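J.: Please build the complete structure, drawing on both the sequences and the hints.
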Amino acid sequence: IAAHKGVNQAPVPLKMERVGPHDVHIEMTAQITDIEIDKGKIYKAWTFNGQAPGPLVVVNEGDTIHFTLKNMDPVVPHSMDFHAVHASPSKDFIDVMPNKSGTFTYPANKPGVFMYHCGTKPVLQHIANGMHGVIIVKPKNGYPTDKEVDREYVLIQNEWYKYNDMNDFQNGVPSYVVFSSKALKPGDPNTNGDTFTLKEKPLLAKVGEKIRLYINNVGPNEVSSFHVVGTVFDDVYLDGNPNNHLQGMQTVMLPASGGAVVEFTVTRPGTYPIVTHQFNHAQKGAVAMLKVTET
Amino acid sequence: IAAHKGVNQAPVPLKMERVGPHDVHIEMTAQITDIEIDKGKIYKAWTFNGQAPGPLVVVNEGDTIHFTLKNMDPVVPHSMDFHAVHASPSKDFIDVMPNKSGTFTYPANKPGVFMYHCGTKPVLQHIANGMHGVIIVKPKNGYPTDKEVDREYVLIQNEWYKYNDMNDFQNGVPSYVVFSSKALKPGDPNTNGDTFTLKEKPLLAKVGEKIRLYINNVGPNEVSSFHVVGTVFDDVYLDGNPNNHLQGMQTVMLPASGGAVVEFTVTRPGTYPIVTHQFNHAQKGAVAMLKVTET
Amino acid sequence: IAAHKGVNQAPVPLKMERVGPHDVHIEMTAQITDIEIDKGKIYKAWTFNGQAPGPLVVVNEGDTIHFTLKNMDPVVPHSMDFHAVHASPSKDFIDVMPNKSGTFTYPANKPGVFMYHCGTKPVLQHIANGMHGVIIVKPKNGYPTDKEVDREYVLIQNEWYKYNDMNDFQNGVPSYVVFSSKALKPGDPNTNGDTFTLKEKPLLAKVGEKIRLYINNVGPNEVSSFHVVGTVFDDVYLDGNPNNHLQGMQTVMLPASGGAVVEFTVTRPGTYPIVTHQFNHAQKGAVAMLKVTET
Ligand SMILES: [Cu+2]
Ligand SMILES: [Cu+2]
Ligand SMILES: [Cu+2]
Ligand SMILES: [Cu+2]
Ligand SMILES: [Cu+2]
Ligand SMILES: [Cu+2]
Ligand SMILES: [Cu+2]
Ligand SMILES: [Cu+2]
Ligand SMILES: [Cu+2]
Ligand SMILES: [Cu+2]
Ligand SMILES: [Cu+2]
Ligand SMILES: [Cu+2]
Ligand SMILES: [Cu+2]
Ligand SMILES: [Cu+2]
Ligand SMILES: [Cu+2]
Ligand SMILES: [Cu+2]
Ligand SMILES: [Cu+2]
Ligand SMILES: [Cu+2]
Ligand SMILES: [Cu+2]
Ligand SMILES: [Cu+2]
Ligand SMILES: [Cu+2]
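Residue numbers (the deposited numbering), protein chains in the order written: chain A, 18 to 312; chain A', 18 to 312; chain A'', 18 to 312. A prime marks a further copy of an entry chain.
Derived from the structure by calculation, the hints contain no laboratory data. Even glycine gets a Cβ: it sits at the ideal position worked out from N, Cα and C. Heads up, some of the hints might be wrong.
Unchecked claim - In silico BS3-like pairs for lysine-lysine, Cα to Cα no more than 30 Å straight-line: (1) A''/138 <-> A/56; (2) A/138 <-> A'/179; (3) A'/138 <-> A''/308; (4) A''/202 <-> A''/308.
To be verified - Counterexamples of contact, computed for chain A against chain A'' with all Cβ distances above 12 Å: (5) 77; (6) 114; (7) 166.
T.: Here is the structure:
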């Protein structure tokens with residue numbers, strides 16, 4: 018796209034503020050930003066806020082979201098679809114033109130770990146170029162295992178294809194399949210979907226801890242066979258809904274856009290890989306590490 | 018197949034009648050019928066009754082089915098396998114020769130949303146050419162959410178490949194992935210698996226309604242990441258068995274031949290896409306629309 | 018690999034013995050063994066004990082496993098990862114060099130049907146070449162349906178690719194997809210992953226029996242849409258954990274490495290195919306047979 022040549026828009030922080038007991042404002046950009054998805058491989062990603070996946074959004078069950086998209090793409094329209102919300106797609110997930118903003122309002126009345134993404138046709142194009150992320154809606158009543166959890170992180174799986182190539186996006190195998198982590202609390206890592214960062218800078222935990230991961234597989238196209246090496250999931254809540262409660266799972270099948278809360282105990286010091294067990298994907302990047310130490 | 022050149026057998030209505038409180042007669046054809054699966058693309062489908070997927074069958078839990086297949090294919094044998102039933106495959110899902118009929122009897126003692134398909138070797142060939150459909154077995158005791166449901170429809174996902182090409186069917190990506198709808202009540206649409214009809218003539222609903230969809234992904238080969246845009250599934254029953262009850266799902270993972278009952282509320286007027294969230298498939302046809310109006 | 022030319026190491030029995038009420042010794046080899054995966058097609062598999070998948074391991078919930086790997090590969094390191102166990106991957110699933118042994122100890126405190134596999138980088142290589150299998154951990158309290166089960170078997174699904182070809186393993190469709198059976202009791206068949214043996218020598222059962230299958234899809238790469246023709250699963254326990262209890266499933270979605278216990282009734286004499294309902298895979302080998310007789 019001639020108007021994206023040489024474009025590399027610096028990442029912009031997510032803006033969020035609570036405006037009432039049940040109402041939140043969120044402001045995101047659509048922007049075009051170079052991301053290093055594998056060593057020496059730059060992808061001029063279509064993004065929210067210069068991250069791909071986009072920035073983590075966390076709201077409470079029952080919060081109405083008043084969402085603004087500021088479209089910094091000089092020539093492509095963009096839009097936002099939160100899977101968390103009840104909305105009219107044809108009124109509320111509509112396009113925002115280059116250099117314009119739009120504001121849309123809709124309720125998040127279901128707990129869980131939801132994909133969000135650009136909803137502009139062709140949606141496959143906008144997602145595959147980078148316009149995906151997660152919104153967590155925290156359950157009013159928690160999870161029944163909350164008191165057991167020592168530490169928590171967010172991990173998101175996505176694929177990367179040949180650049181902006183619709184034939185590849187539709188018909189081709191992924192070039193890379195990757196994990197990223199998005200921060201929940203100060204100090205947590207906040208990374209993009211790449212083949213290396215979570216190997217070189219593993220997530221951290223302590224021996225004996227029960228870990229919760231909020232996970233989503235945003236695709237665009239593949240399903241995920243999510244597994245942590247050296248443990249078993251003690252508890253799993255499909256889509257992060259507390260009702261959908263499995264136990265003792267070695268691996269969690271996630272559809273494209275599928276989420277989960279998963280919990281597991283790390284009993285011994287060491288480095289624990291986190292994989293999709295579809296090992297062709299793992300080979301192509303989708304292995305993160307969790308380093309577990311006595312401190 | 019030289020004997021299928023120029024063949025285009027007109028669709029024949031499904032014949033069904035109840036013959037006792039727990040016994041139903043069904044009569045289907047196997048026939049070769051031209052179907053427009055994408056604009057300007059005709060597939061000379063191997064079909065039940067000139068529809069692909071085939072006609073909807075609905076029975077009650079506990080019904081014994083006395084099924085007749087009238088094989089109108091001039092040269093290929095065909096057969097019928099209902100996933101709903103307990104049967105001996107080697108006695109009851111056997112071939113019916115060209116220009117012959119066969120009758121097979123077997124019980125449907127499990128509720129749910131079951132694939133049916135031709136069972137003739139190579140089964141991949143017979144399914145991929147079009148010989149798939151759904152049989153719904155209604156639970157004796159309903160679903161616990163029955164009283165909440167305002168409107169219901171059936172949707173079926175399938176793929177289309179290069180015509181009658183076994184190499185493609187085994188090794189190739191689908192050319193098209195599609196939804197169709199099959200009528201439950203008078204006035205409901207009854208369509209074939211194509212890339213357009215459910216976009217151009219959306220399913221209809223009213224603002225505020227709880228919608229039930231009976232869904233099945235008949236494949237032949239892909240899994241489905243089933244999602245309705247702008248809502249969340251309030252309730253999901255895997256395979257349509259009331260016991261397999263999930264809540265609050267954004268997306269439902271369906272294996273090949275996998276079914277579900279899914280229920281969701283449409284809160285605002287607008288057009289709501291229905292997708293497989295494996296967006297390469299959606300791009301290749303698998304997007305239906307639900308138009309929600311104040312009336 | 019020049020050091021594997023002409024190598025065909027005879028299969029070696031699994032060695033296992035109980036050493037205390039809650040402790041078991043297991044001794045396995047890593048070895049290079051020719052296996053006929055389709056008629057006339059030999060794969061010089063990387064294996065545990067000269068079987069691919071490897072030998073069945075069965076332990077009780079709560080058993081600590083003291084595992085020895087004797088590496089007979091003349092030049093490639095190998096290792097063992099049991100999904101059943103809590104272990105430090107970087108200490109306990111480490112490599113054993115050619116012509117050496119290693120012993121690792123770790124607890125199996127979760128019931129179910131777990132994949133095991135070599136964990137040596139690149140893991141995709143070691144799994145795809147043949148180094149996968151199942152470990153069953155029997156639940157302390159059984160399954161609630163135990164008293165209904167008449168007969169049980171183990172079935173494992175895997176893929177085969179072009180020989181030792183990492184490009185194919187990562188980017189290519191499987192050449193073959195196959196079932197094998199591993200013995201639970203004397204007289205049960207014990208087979209390797211091939212396209213024919215379970216068609217030519219079907220598993221055996223009696224009319225009216227409730228059958229339990231312990232199943233796992235070891236991949237490396239595909240998901241499985243597991244179905245038995247002519248029946249419906251009465252009960253399914255995901256990953257073989259008794260808590261994860263579905264009913265009335267026509268087909269069970271297994272991720273890569275995903276397991277299940279599934280139970281179904283065979284009501285009539287006949288031959289019952291067992292498939293993955295992803296019919297491209299079935300075409301490429303993944304159909305086993307269950308022959309049901311009056312005796
Ligand atoms: Cu309040
Ligand atoms: Cu506001
Ligand atoms: Cu966009
Ligand atoms: Cu793929
Ligand atoms: Cu703790
Ligand atoms: Cu593993
Ligand atoms: Cu664990
Ligand atoms: Cu009666
Ligand atoms: Cu009759
Ligand atoms: Cu047929
Ligand atoms: Cu595909
Ligand atoms: Cu209503
Ligand atoms: Cu979506
Ligand atoms: Cu909803
Ligand atoms: Cu004891
Ligand atoms: Cu010992
Ligand atoms: Cu190995
Ligand atoms: Cu494949
Ligand atoms: Cu019995
Ligand atoms: Cu079938
Ligand atoms: Cu059954």
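J.: Could you run down the list of hints and mark each one as holding or not?
T.: Hints, verified against the model:
1. A''/138 <-> A/56: Holds, because 19 Å separates the two Cα atoms, which is no more than 30 Å.
2. A/138 <-> A'/179: holds, 26 Å
3. A'/138 <-> A''/308: holds, 18 Å
4. A''/202 <-> A''/308: With a Cα-Cα distance of about 18 Å, the restraint between residue 202 of chain A'' and residue 308 of chain A'' holds, given a limit of 30 Å.
5. 77: Since the minimum Cβ distance to chain A'' is about 29 Å, residue 77 of chain A lies beyond 12 Å and the statement holds.
6. 114: Fine: 39 Å to the nearest Cβ keeps residue 114 of chain A off the interface.
7. 166: Since the minimum Cβ distance to chain A'' is about 17 Å, residue 166 of chain A lies beyond 12 Å and the statement holds.
Hint compliance for this structure: no hint is broken.
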